[PDB]
Every structure is written in C-alpha cells, then in structure tokens.
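Engineer: This is what each chain is made of:
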Amino acid sequence: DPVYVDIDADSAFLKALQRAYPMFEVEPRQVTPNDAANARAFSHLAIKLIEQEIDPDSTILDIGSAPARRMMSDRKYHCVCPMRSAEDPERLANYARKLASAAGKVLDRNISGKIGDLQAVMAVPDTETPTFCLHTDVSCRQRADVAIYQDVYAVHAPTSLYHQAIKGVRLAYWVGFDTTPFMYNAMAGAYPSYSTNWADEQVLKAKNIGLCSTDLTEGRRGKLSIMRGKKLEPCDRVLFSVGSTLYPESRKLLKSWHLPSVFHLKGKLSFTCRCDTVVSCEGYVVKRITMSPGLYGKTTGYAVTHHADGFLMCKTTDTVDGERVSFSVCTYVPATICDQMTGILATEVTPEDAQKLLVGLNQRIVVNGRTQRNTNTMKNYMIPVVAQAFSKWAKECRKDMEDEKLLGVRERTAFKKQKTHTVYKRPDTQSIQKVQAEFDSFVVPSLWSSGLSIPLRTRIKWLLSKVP
Amino acid sequence: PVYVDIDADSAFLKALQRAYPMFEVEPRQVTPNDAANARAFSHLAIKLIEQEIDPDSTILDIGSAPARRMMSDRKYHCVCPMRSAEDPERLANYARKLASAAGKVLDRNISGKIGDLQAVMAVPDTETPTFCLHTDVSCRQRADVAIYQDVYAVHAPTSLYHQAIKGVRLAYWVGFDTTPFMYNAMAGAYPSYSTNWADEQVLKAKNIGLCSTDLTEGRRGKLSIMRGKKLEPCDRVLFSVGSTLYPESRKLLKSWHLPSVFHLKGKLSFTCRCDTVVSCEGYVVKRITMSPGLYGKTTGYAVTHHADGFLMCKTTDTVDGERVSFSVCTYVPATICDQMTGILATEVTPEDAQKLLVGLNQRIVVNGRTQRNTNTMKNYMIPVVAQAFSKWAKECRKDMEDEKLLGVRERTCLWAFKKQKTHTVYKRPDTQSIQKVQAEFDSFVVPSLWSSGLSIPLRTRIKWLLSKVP
Amino acid sequence: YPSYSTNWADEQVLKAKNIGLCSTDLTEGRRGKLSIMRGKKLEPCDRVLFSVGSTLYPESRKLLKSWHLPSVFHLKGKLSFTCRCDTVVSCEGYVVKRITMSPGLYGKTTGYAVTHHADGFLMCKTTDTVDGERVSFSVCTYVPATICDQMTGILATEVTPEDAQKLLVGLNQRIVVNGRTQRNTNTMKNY
Amino acid sequence: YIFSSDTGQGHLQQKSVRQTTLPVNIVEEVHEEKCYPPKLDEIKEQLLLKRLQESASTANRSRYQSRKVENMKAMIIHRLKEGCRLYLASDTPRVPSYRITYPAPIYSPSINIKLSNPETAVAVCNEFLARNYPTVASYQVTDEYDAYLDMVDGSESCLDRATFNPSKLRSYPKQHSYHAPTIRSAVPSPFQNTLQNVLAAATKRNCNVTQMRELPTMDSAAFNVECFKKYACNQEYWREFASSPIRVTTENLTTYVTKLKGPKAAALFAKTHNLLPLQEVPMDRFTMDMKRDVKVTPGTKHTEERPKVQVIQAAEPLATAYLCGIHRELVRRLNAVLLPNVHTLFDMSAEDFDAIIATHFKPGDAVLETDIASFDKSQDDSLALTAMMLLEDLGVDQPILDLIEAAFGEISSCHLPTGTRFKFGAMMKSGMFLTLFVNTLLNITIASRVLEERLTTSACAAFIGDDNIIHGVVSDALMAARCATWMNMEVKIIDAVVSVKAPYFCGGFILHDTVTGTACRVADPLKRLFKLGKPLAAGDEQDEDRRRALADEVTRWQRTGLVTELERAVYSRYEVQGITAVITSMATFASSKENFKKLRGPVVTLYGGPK
Ligand SMILES: Nc1nc2c(ncn2[C@@H]2O[C@H](COP(=O)(O)OP(=O)(O)OP(=O)(O)O)[C@@H](O)[C@H]2O)c(=O)[nH]1
Ligand SMILES: Nc1nc2c(ncn2[C@@H]2O[C@H](COP(=O)(O)OP(=O)(O)OP(=O)(O)O)[C@@H](O)[C@H]2O)c(=O)[nH]1
Ligand SMILES: Nc1ncnc2c1ncn2[C@@H]1O[C@H](COP(=O)(O)OP(=O)(O)OP(=O)(O)O)[C@@H](O)[C@H]1O
Ligand SMILES: Nc1ncnc2c1ncn2[C@@H]1O[C@H](COP(=O)(O)OP(=O)(O)OP(=O)(O)O)[C@@H](O)[C@H]1O
Ligand SMILES: [Zn+2]
Ligand SMILES: [Zn+2]
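Protein chains in written order, with the numbering used here: chain A, 1 to 468; chain B, 1001 to 1470; chain C, 2001 to 2191; chain D, 3001 to 3611.
If you're looking for bench data, these hints aren't it; they were derived computationally from the structure.
Watch out, some of these pointers could steer you wrong.
Taking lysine-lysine pairs in the DSS-like style, the calculated list, with each CA pair at most 30 Å apart, reads [stated by the list, open to error]: (1) B:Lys1014 to A:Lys15; (2) B:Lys1230 to A:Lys416; (3) A:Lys15 to B:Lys1378; (4) A:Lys405 to B:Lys1418; (5) A:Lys379 to C:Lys2062; (6) A:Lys315 to B:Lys1204; (7) C:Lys2166 to D:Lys3015; (8) A:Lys379 to C:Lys2108; (9) B:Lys1355 to A:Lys392; (10) B:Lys1206 to A:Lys392; (11) B:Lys1229 to A:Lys419; (12) B:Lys1378 to D:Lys3015; (13) A:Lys255 to C:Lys2125; (14) B:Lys1014 to A:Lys405; (15) C:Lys2108 to C:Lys2189; (16) A:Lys399 to B:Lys1251; (17) B:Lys1251 to A:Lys298; (18) A:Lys399 to B:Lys1014.
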C-alpha cells in the first residue's frame, strides 16, 4: 500500500519524510510546480496515520474544514463550515460542482445522501444535519466521538475543548506549526525547511530579514518626532508567509495551544485531560488529547519540549526605516552541522572566521561521491546570523571559567546580573516552561447570526438543479 | 526470537545483546517513539523473569496496567487504585480490549476476566482473583511472587513487610539506578536513554540538559531583601524521559538502595537479602528473597559495581542572571576512558582535552559502511567531561609533591588538622563504590486512606462499554 | 530581463552611455553651457519605453502598477463582490495570475502584497553621463540562484569592485556540485 | 631524493597544502603564487661595496652577495627574453581547478635511549655484522688497492656503434687520500675518471628494431591511451583543456629564474654572452658525465663481483632553461583529471602523505607493490607514441611539441676528455627536464591496462617514478596471461600483508601504529647502517649536515608503539635479528660533535709522494 506525494524525485526532503513515517513507504510523483510542496506532503501523510488508528465505526467532527477534500472517504464526517473568511464562498461553490459532476458514476461513497442533505440546509439555513452544518464549534449541537483540528489558529483552546467535551468527545487531534518560538518572545523567525517566514509589523521595513522591504532614496540628517517611543516590545499582531501566501495571526491565540501535560477543566461538569506529542519533523507536530470525566490527581503546570535538532536564538542589529535598532531572532539548525563544530567552539573565534568554516561544511564536503551532505544542507541566507551567534556563545562560555566561585554560597555586595545575548539548545536537550493548568472561565460568546447571502444561495441551488 | 521496536542500524543493539546472552534479538521498527531505547529493556526484563518462575504460582502486580497483561499464559492479580491523572484512560482501554475480543481468542478465561470486571464494578469493596481496587497495603490476597515495575512512589521497607505477612517469598524490581542520588548531586543525565533530571531550584539555568532562560542586557543590582546565602538540594526533583515529565521525591528514591542483608522486626520477624542480576548503562534488575525467622548478623553496607565510568564534578553556571556553582554527574563509555590513560599523566589544559576527545569520538573506535563515522557518545556532555579530567590530573600531582611519614598523622596544646580541596570524583571501570545505610527497621504505619476510589460518571461508562459483550 | 533579451528605460535617460537602451555621440568638452531653465530635479516620470528583442512598446507607470493586486480586496458599487488573487507559474520574469470573483461581502482585508523570490533580485545606484553631464540614478536586474550561492564565502569581508569582477568571470565557467566539478550551464550575460 | 637524501634536502617540499582543521574532508580551490619581479640597481652596489671595505663584521658581506645576485637575475631575464621572440605569448584566462584536503595526523610520544661510551657502540655494531653477515666482516685485510688491481687485469667491454682512440687507453692510478673507516662494512670508493671505466659502463646492448611509426605501432598506442582514460580518469576537463594551449610566457621565465640559488644563477650567467636562439639549439646532442656515487644494498654481493659504473647524459644548458617554465602547469592539469582515489607524489610534503593514508591501511590487508625498472623500453617504439598522445591531449602547443619530439629519437653522446663518440636509438632515461613526468605517465598506463577495472574500485593508489602500491589487490592468473603477450619478465610484483609482511615503498616501511591506530612511513635502518661504513675523502667538511639528518631519523624510530612492529618488518624482509641494539648505537653517535668523530680514523695516502 504505497503513498504518492507531490514533490520532486530528487528532493532532499524524502529522507526526512520517510524517517518520520516508518509504517509507510513514500513514493514521489510531481504534477504541479507548487511553491509549498513540502508543507502539503506532511499534512497528507498525517491524515492517513490518524484515519487507520481510530475505530472506523465512530463519528468525526471537523472544525473549519473544506468539505471538498472529504468526499472520497469511507468514514463519517460532520463538517462545520461557517462563513467568516473570503475563501469560504469559493470552497462551497467547488463542493457543489464536484458533487453534481460525480453523481451517478461513483455510487459507493453515499453521493445521493450528501446531495440531498446540502439542498435541505439551503432551504432552511438553521437545521442540524448528519453531514453538513452552518454554525460554529460552540453553537453546533451534534454529538460525536472524535474531533479533528487541522491548521486552526483562530480559536481559544481551553474554551473550545470544554464545549466539545460536554457533547461526549473523548479524543482530539491537532496538526500545525511548533509554538515554541512564541514562548521565548522573539521578534522574527523562520522555518527554512518549509520556506516560511514570519515577522512583526514594527519591523516590516527592515533590511536583512526574511520578510521585509526597504527604500533607497535617503541620506539625510534629522527626523522630527512628536512621540518619544524608546520602546521596542512585541505586540499582538503577527504576519505569516508560507510560500507566496499571507496569513495574519495573533500572539495570544497562538500561545494558548502550548498546553501542559495535565490540566483540569471545571464548571458545570469536571474533566481531566492529557496532552502528548506523536510526530515531530522540523516544525510540524501532531498532538493527541484525551478527556475523561471527574477529577483525578494533581497538576504541576509545566510544559516540556524535546529538541531533535539545534534551536538557536540570538540578538541582531539592523536599520528599520533608516534608524538603527536591535531585536532578537530565531531559527533551526541541522544536527549534523552542530556536531561537527564542537571542536572549533572550544576557543574564541572571530565571526568572519566562523562564516568561512560554515560555508565549507555546508556545500564543500565530500566523502566518496555517494551521499555527502547533498551539497546543500542548510539554506545559505541564514548563515550570517548563525555565524554571529556561535561567536558570541563561545566568548561568553570562557568568562564563566574565569569567575570560579565557592560551593553552596552566594555573594551580595545586592547582586549583579550578567549580560546574555545568545540561547543555544543542542540536540538531545529539553526545555521546560511554566504555564497555567487550571481553567474555570465559562464564558458564553453566544451571538448567533447567519452569514449566507441570497445571491450565493441562488448559485448553489442552480448548480444542483441539473442532476448531471 | 524476540522482536524489539528499535532501528535496524542503531548502536544500542550490540549493548542490548550483551546484557541478554540467552536470547536472540531482532529489530522491527513500527513507531518513531522518542523513548524507544527505554522500552526495549523493559520488554526483555519481563521475559527473563517469567522464564525462571514456577508456572503454578500466582503473581501480584503493584501499580500495573491491566491492558498489557491480557494475552499471557500466567496468573496475575492486578492491584491498581485511582490516584493518577492517567488511570481512567487505562481502565477504559482495558474494557475496550476485552469487549473487542470475546470469542476470537481462546488463550485463557477471557470470559472469566469480563465477569470479574463486572463484579468489581457492581460492588467496589470486593476481592477478585483478577482485579482489585485497593492499595499495596489494603489488599488481601495470597500469592507467592510480587513484581514492581517502574515504581518510585512507595516506601520500600514498609511495602515489603506487608507483602511478607501474606506469604510472598520472592520479589523483583526494575528501574533506574539509585547511586547518583546517594552522592547528593544537583543535576545529572542518562545519555543512552535520552533522560535528563534536575533540581527544582536550578530550572532557570543556561548550560544544562533541562533548563530555559531569556536574554538580558546586564542590569547591575536588582534587590537585596531576603538573604539566601545558601544553596542546597531540596526534596523535589523532576525527570524527563524523552518527552514525558515525571515529578519525584528524593526520600522515596533513596529508600530503594537496600543493603545486602537486613532484618524486618515487628509482630512477625523476617530475614532477607538483595542482589543485582542485570545492569546495562543505568537500568538494573534486583531480586529479593524473604524467609521467616531471625538469622545471622548485619553490617549495613551497600556495594555497587561499575562497568563504565562514573563522573561527578563542580561546574559554574548562571542561574537567572546570577553566577552560582553546583555539582553535575554523568556516565562515560569504557572505551573512551581506556584510551585516555596516557594523556592524564601530565597537566593538560581544558582546551587541549576537548580537541583530543572530539578526535577520538569520530575518527578512532567508530566507523562503518554507508552509515559511516557515527558518534560513540553524545556531544553535549563533551565540554563538561573535558573540564573534569583537567582538574583530576592537577589534584593527582599535588599528592606526590607533598609526602608524609608512614603510619602517623600530623596535627597542629591545641591540635587540629587541615582539610584539602576536592572538586572531582572519578570512578574508573572495574571499581566498586561502598555506602553506609540503615539495615534495621521496626517502625511501620497502617493508614486507612481509601474512601471510595471511583466515581459514578466513570462507572456508568465502563458498564455501558461492557454491556455489548456478546 | 536578461533571460528574454528585454530592456526598458525611462524617457529622461535615453541619452545615457552604459545602459541597455541608450545612444550618445562623441564630444570634446565645452566648459560652461547656457541654461534657459533650471533643473536640480531628477525623478522618474510616467513615460517608460520597452524593447522586447527588436520591437518597441511605450508604456505608462500608473497602468503598470494597477495590476499588482493584493491577496484580498472588495469591489463595492451598485453590486458587491469579494475576490482573491494567486500566482501559479513563475519563470525568471513571466508570471501567471488567477483571479476568482464571488458575490457578496465576506471577511476582512489587510492590503498587503507578497512576492516570492526564487532568484536573486538586485537594485543599486550607479553614476553615468547623460548628454555630457554626470548624474546618478538606480537600476535593477535579476541574478541566477547558482551564482548567488557560490558568492557567499567572500562576502564576509571587504572586497574591491575589481576583485569581485575577476571572481565573477571565473565563477561563470566552473561550479562545484556534490563534491564534483562541471560547467555552469546557467551562465549570465556578460554586459 | 623523493622524501629525503643523506643531507636532508630531498625532492619534496616542506609546506603543507593538504591540511584542514576539521574532522572531515573538505574540497577547496587551487590558487596561484605571486612572484616578486626582480629589478636592476647599480648605484646601490657601488656605494655598498665602498661601505663594505670600511666596516664588515658579518652581515655587511651578506648585503653584497644579495645585491650582486639580484643584479645577475635581472640581467638573465633581459637576455633570455630576447632570444625566444618567435615563441613568446601573453596571458590568457585560466581554467579553475579544485583539490581535496585532509585532517592533520596524530603521533605517539617518543623516548630517547642511548649509551654513554662511543667505543662500545662500535663494538656492538661490529658484533651485529659478524653474527649475521660472516663473509662481509672478513673481507678487509689490507688497504684499498682497488685501482691497482683494476689496472693489472685488462679491459673487457661489449660496445655497439662506438669509436675511440686506442692510444689513450691507460689507467695508472693517481693520488688517493681518505680516512680509514671503523665499521667493517666494505663500501667501495667512487671510481676514477678513466677511459677504461667509460667503456665498462657502456656495456649495455639494447639493439632492437621494430616498426618506427607504421600502422601496427599506432594501433597499440591508440589502445593504451583508451585504457588510461577509461579506468584512471574522469570526464569533466578534456574539452576545456584542448581549447586553451600552453605557450612560453614571460611570467613562466620570471618565476623560474627567481627560484634558482646563488651558484646556479652565476653558472647560467656565464653562458649568456653568445646566446643562441631557441630554434638554433640542438635537441639531440648530449654530453657524458661520470661523477656519481656507487649504490649498495644490504646483503653479500659487492664482496664477490665489482659493481657497475653510473653515468649521466646531460643535455644542452640553454635547452633546459628556455622551456622549463611549463612543468608547473603540466603537473596541475594532470592532477585535475585523475580520480580522487588515485594520487601522485608531485607537489606534496612528508606530512601530507601521512594524512592521506592515515585511515586506510589496517592489519590483515593485502597490498600489491610493483616496479617496472626491469623492462626494456627501447624495444618497442609504441612507448614513446603513447606519451606524446597523452601530452597532446593535455593541451601542449604544436610547435613546442616538435622540439620535445626531437629528443626522443636518434641521439649522440660525446666524452670531451677523450673524444669518444656514442650513438643510441630510442631512449627513455636521460638528463632532460621531462623524465619523472613521462615515467609516471607510463607507470600509470601500464598498471591501468593490466588491472583493467580493478584499479577503479580501490581504497588508495600511489604512483611515483618506477614504484607503485595498490590496496586490496592480489596476484591471479588473469594478469599473468594479459602480461604474457610478449614475454613474462616485464614487471616484478610482490604481495604484502600489513602487520605480517610490511610493504616497501621508496626505501621505507609502511607500519600501522598500536597506541593511536594510524598508518605511518619510516625509513630503512639497515640501509643507513651500511652507509656509515663508507670511507670519507680527505678535505671534506660536510660532517655536520649528516648529524642533523641522523638525529631527525633516530627520533622517528623511537616512537612508542612502533618498536615491536619495526623488529618484525626487518626480519620478514632481510631475515636478520637484533636491530634494537643497532638503533640504540645510532642514538649515541648523533648526540654531539665529538661523538661523531669515532666513526673515522687516521688519514691514509696512496699513489702519492715521491718519497
Ligand atoms: N499560519 C497559517 N497557515 C495555514 C493556514 N491555513 C493553511 N495553512 C498552511 O498553508 C500551507 C499551504 O497550503 P495552501 O497553499 O494554503 O493551500 P491549501 O491548504 O491546500 O488550501 P487553501 O486553504 O484553500 O489555500 C498548508 O499546508 C497549511 O499548513 C492558516 O490559516 N494560518
Ligand atoms: N521516572 C519515572 N519513569 C517512568 C515512570 N513510568 C514509566 N516510566 C518510564 O517511561 C518510559 C516510557 O514509557 P511511557 O510511554 O512514557 O509511559 P506510558 O504512556 O504509560 O506507556 P509505557 O511505555 O507502557 O510505559 C518507560 O520505559 C519507563 O521506564 C514513572 O512513574 N517515573
Ligand atoms: N469559531 C469558529 N468555529 C469554526 N470555524 C471557525 C471559527 N472561526 C473561524 N473559523 C474558520 O477558520 C477559518 C479561518 O478563517 P478566520 O476566521 O481565522 O479569518 P482569516 O483572516 O481569513 O484567517 P486567519 O486569521 O487564521 O489568518 C475560516 O474558514 C473560518 O470559517
Ligand atoms: N500506595 C500505592 N499502592 C499501589 N499503587 C500506587 C500507590 N500509590 C500510587 N500508586 C500508583 O502510582 C501510579 C502513579 O504514581 P502517583 O500515584 O504517585 O501519581 P504521579 O503524580 O504521576 O507521581 P509519579 O510521577 O511519581 O508517578 C498510579 O498508577 C498509582 O496507582
Ligand atoms: Zn454542526
Ligand atoms: Zn487485590
């Protein structure tokens, strides 16, 4: 039972993809020169793993999904599709066209039932149906067993999970990006394996980051300003860029999905929940959450992340709109590169010397002409940032050995705090953070109103008017 | 043949084969678990135990998961209260597995187990030859063998005494090594199993295996207020096995470092011994035998045998912006230690020690085909290990330059002696370590902390799941 | 656009000397010239001329910039529509865009446009002589990806323009790939 | 010679170019070395010479020679440039090249062990010789009257196409003064320059005639180059190299002359007055030189038969100065087309060789060593055609090829003192400035054709001169059948096993270390031991460069983890026991100036003095 992915036949991502999914066999086949091929291959394989694991006799809920891709499926799906984005009208029209086109040919996947169910919702846009729905995750009144989240970042996590629990849901899944960089409160970052860059609005006019744009006509002295800012701190608004597509996000909702190991939900009913990580590959993670009634045990409120490759965060100096400032960035480093620099970092190294060594290790390494490092292991536009971080890290490690202190005592003059400019997490290392583990806020965001327009209803009904 | 979920070309296979020379081991990977190495050892340990036990006796299980004892040909009495936040999930899984296989498998009394579960759910306070809902103290069942698998939350002398009065004569224990906690260390690691543990007070460190910090500019002077002036290990320790977090206590961990011979005195008297039979890079298997009556005499000493290198040194780090010092422990492979004897005969700077260690780790010792130039040891303990050797060589030179007379001690009519410095403890392979502990216990507690165990919403779900048994 | 032999320039700089689209003559130098009007301003105007190989096409800036549409925008008049914009094919200057309209108003707009670079994009300021007078202005071009990757090593120091020119010429004949050696086969125009 | 000579000068350089500071191999780019152009200045010399007279302690003289030699170098460039006006060219854009680097080697500690009394060291060495070599230790009973004994018996020779004057064949000995040796090894003295010795040296008969440049000769050459390009080279450089020729350039001459020393520059300057043009210099005329040193190997063969006399054929002095600027480019191009696993000793040092084979040779591995010295290259004319075909493919400019070809045909030699004329046919060994290069090319071609595809799949192969070593190859009947097309003794092959039968390469041993676990190369102790028993000519003051050479060689011998291996290697090669004591004896000799004086004795004078 082979699985076909839409990527090139000589891409270096095959080795990483196969290692993350050892229960399958991956075969490449390219039909489209998409700019985000890596990001779609992972999602395709993730769904396949989830489907075979669960009982094929249960009911599955989808939150903010596209019903078009759930047509040729042997399971039972309840799609929750509100109208709160500019992409929803296009998806709904495509679903209707595909249903009518494939009517009478594939009479095995319950096509007639889906066609009839869609028509009923169009006539009365307030009914609850086994296949289709038009409310939100809170207002929906359908009972099932499994809930699935796919690339959802616009819903508060403790609130959504509680509303699913009271309807008899005992299992959940979540697929998306890693939320670790947002816990360190960084200004900009990158995911080089998937061609993704993100930044804050206050640094959108930088010069040497992955997502910016500056000007050339300049060279003057003196810019009068009314307000005295003096402050650079991250704000709520964050912009994402995957390939050539833009997505706005918010920090508060992103940090709500960094759940602890054990937490309690209290209200009219009580539940105990656990979170676990199953698959991790260079930025995407798959999390499984289980719910159970009652109260059991005690919580501690700690989150643990395991690093398979190097994670780096440093401080850089750049010019924003012509003014020199400083802020922090983060990125990921391959494990092989980190291991081979152990001996060099034993002493103090000049940043320009480190840059030359990194270039040779990356694209000028050979062993027998068979494997090597595929002559491109780390993308070349992040080397100057990495070289700066290693130089600062080595310098700060030498000062520690020159300030040897006594055992079990501390000195107060009333104590001095040193300066830190680099945080470096080597492979096979874990990081721990403190979060909240007790939730009891039963907010009721219940203001229900439909978002279906008369012209859109006419178009959908007309596409289904003809049975062929 | 025994199949283990390990990668086909991993370096841990050779070490695992040497620890179990009576089996043949083959790899078969079906899951990308982050703690695959830790699971393989436990799987093999159970097979060894069941191979030397008379198949006529009954075995108790303290704190076990009934799901993994279903398809077995032996007799198990599972003791499992409801005190953990992951126990209800295990019970639901147990019910689902039993219902899903009611006539397909004819191994043993599958229908009997289903009937046993229903009886316990009807009335809670009952004893059944298959299931129970009491603790290790409140349970009342006769057996011959008891098994402790990864248990760190009970007192050892107290638990053993309660099992002995019920007729148990043999016991086993599988888990992590206890020696690092007997040296009163602040942090440590197990590099082979990807496990890191640290004290609660140093969770904001910078260069250890389990920490997290942030960037700061260097503000000189924040507060004076409370005068700490002291930094000593506390009773709260945190573990991290791959990706899972486990909070534990020091007192319970150190209570399992039993001596060779000790006595249990009370209403009834027993004499018993402890012995280690399997050891592999951190996991040990202990066998305990008990007998009625008082015999012999005790000395109160615990001995451990080192097959690899054990290192403990003093390091300087920055905790929350302030410089402090504490101790760190780790394990070193035997081959690396052997190839370092010649270099340590002189005074070597830490910078030189790092370079030789890196060269030995990649070029020498380790090689291969296709998968070539692997690493013998993890690279994130190299800086710490290199510094430890440098201090050890310096201390061994001062001992020879300052000699003393034979059979006498030098004092200072007030007389006193001077104490030297010690910053590194290094136990070479084929060496033994000895500790002094207690070997006479005569005080026990018998609480009654068992109110109800279960709840009504969970009981209804279990009955409904087992309702569709035919 | 070097890959398609296309050059474009502003109307005010058609008498330059060292650009892709210019023409000048030989002069001996006249110290001081009459000036009925005063200049001091040199900014781009609305007139742009295109040359695709051998054919001339005049263009306008305002109409050219109107097709750089954002991701999401609304068209609200007598009737209302909501529409998007995506890029499907891109090859060294040529792109294919897809736009889908739908009646009604939905969602929220942000007014941002994003372009993805698979090749190096450069914009520098150069000094030239326009009709015998020295001025400065900015030019832009595209660079192949292979040249940019091999150029990273020396850019960590200070390099004179003469030294950079010599290495670019040498790097235009040989590259290193997977520990082996071959010709570039993706050369750039010498001019 | 190659690694190091007796005076520690060698043929290899001493600068490392194949070293990296990383534990993995890294490919880099080959750069060029800029040379300082010499300049002329006469006013400085005049004032410095006058300032030399007024005061000159030690450094004042040195400034005069530096100024004087610098003036000579500039004059040579000006005169040499004018001669080759029809062949001079300019600089064209160059073709870039790349090379692989290796990490630094690791060595074990060394401990010095030596005796105290220098006379006891001589006794130990003499005892070692008598126990193992009985006949050699009893030859010397009187003085060195070899010259007289050679005169008493007549002259026997086997000549071909030679003329000489019988009236000048007289060999009465001249005066001979030397120092009596202490070691009882009977190493002969260099021969005297007489007509009898010249005829004895030229007793070689290689008269063989085949098809000069006909169709059968071309067919064999065409196949030979096909095998070389298919089994030992990659295909990524041939078409680029053919487009860019190699021509004589000012930079080639300027760089070459600047590298010469003082005395060499002065000798060349003396022959620039009547400067002939490049096209006027004959390329097939040679002179005969005799001044050499006899070569002796361990064993008992020089005490029963007289050794041969060595000769040198010197070409025109101007011929080797006009065209010697293209050797560097030829070396670079050859290294670019070879496979990564095939190596050549050109442009390397001692340290670079150790780093390459550091992690390839392990105990229990078969190594094949083969030499091609015992082969008559003058019988077949196809051996010269193959070299020219390889040279043409490398990109040599056409008119230059004609000049090179003229030296590989019919040549003549003359002995100036006696007016003796010799004529030879096709010859490969000579004194021209392409001798090592052509021999290396032929050595690789022969191995590639015989071994076929077994050369491509290998761990490490090294070729230099007439010696080669190939890893993981054994002797089978297939190579015997392939090589038996004409005869059977074309080449000599020897099978070696690491840690059992140590391989031999360039007068050394390849051993695997025990403490570290890496391969290394050391010298031959028995070859040195027989060399100390060589008489020293009176008036020689070169007894200080030899002590430093011995001191360096002794230190390498006493490394820990190599004492036991060295004992077994010598025994498996020469069947001799007890060499640790000899090494200890060598240690105390090279400890002080006075300790080195115990190897000599009183001066003996023969055939001199009318008293
Ligand atoms: N930050 C963020 N990423 C998303 C979101 N939706 C999808 N993605 C990711 O974008 C990646 C590329 O997919 P797309 O190019 O958007 O196309 P698609 O997901 O197949 O379908 P469409 O949503 O209609 O575009 C997906 O793999 C998602 O992981 C979102 O709402 N926010
Ligand atoms: N310190 C500590 N380690 C434990 C404990 N329980 C299990 N482990 C170890 O965790 C490792 C991996 O088991 P997990 O998968 O994380 O735990 P699980 O979800 O209950 O499933 P199992 O693999 O069957 O244990 C095991 O090898 C145990 O050695 C505990 O209570 N404390
Ligand atoms: N409360 C909700 N319940 C179910 N689906 C929701 C909910 N809120 C949003 N969605 C769906 O999530 C998808 C993302 O749309 P969203 O509301 O987040 O606005 P957006 O700006 O277009 O996307 P984003 O803010 O994530 O960049 C939509 O399809 C939307 O229907
Ligand atoms: N006295 C006991 N007798 C038998 N089993 C016990 C006893 N106490 C705890 N257990 C079992 O230990 C297991 C989990 O340990 P614990 O009860 O201490 O919860 P915890 O918070 O996860 O602590 P830890 O991480 O150290 O295991 C539970 O399955 C529980 O049944
Ligand atoms: Zn619904
Ligand atoms: Zn019980």
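Engineer: Does each hint fit the structure? Answer for all of them.
Structural biologist: Quick rundown of the hints versus the structure:
{"no.": "1", "hint": "B:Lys1014 to A:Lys15", "verdict": "holds (25 Å)"}
{"no.": "2", "hint": "B:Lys1230 to A:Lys416", "verdict": "holds (17 Å)"}
{"no.": "3", "hint": "A:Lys15 to B:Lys1378", "verdict": "holds (23 Å)"}
{"no.": "4", "hint": "A:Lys405 to B:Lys1418", "verdict": "holds (21 Å)"}
{"no.": "5", "hint": "A:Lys379 to C:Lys2062", "verdict": "violated (37 Å)"}
{"no.": "6", "hint": "A:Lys315 to B:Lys1204", "verdict": "holds (20 Å)"}
{"no.": "7", "hint": "C:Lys2166 to D:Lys3015", "verdict": "holds (28 Å)"}
{"no.": "8", "hint": "A:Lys379 to C:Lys2108", "verdict": "violated (35 Å)"}
{"no.": "9", "hint": "B:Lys1355 to A:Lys392", "verdict": "holds (20 Å)"}
{"no.": "10", "hint": "B:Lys1206 to A:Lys392", "verdict": "holds (14 Å)"}
{"no.": "11", "hint": "B:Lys1229 to A:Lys419", "verdict": "holds (22 Å)"}
{"no.": "12", "hint": "B:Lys1378 to D:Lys3015", "verdict": "violated (36 Å)"}
{"no.": "13", "hint": "A:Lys255 to C:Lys2125", "verdict": "violated (44 Å)"}
{"no.": "14", "hint": "B:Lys1014 to A:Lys405", "verdict": "violated (43 Å)"}
{"no.": "15", "hint": "C:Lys2108 to C:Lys2189", "verdict": "violated (45 Å)"}
{"no.": "16", "hint": "A:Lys399 to B:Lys1251", "verdict": "violated (37 Å)"}
{"no.": "17", "hint": "B:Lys1251 to A:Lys298", "verdict": "holds (20 Å)"}
{"no.": "18", "hint": "A:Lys399 to B:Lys1014", "verdict": "violated (41 Å)"}
When held up to the earlier numbered hints, the structure conflicts with 5, 8, 12, 13, 14, 15, 16 and 18 and fits the remainder.
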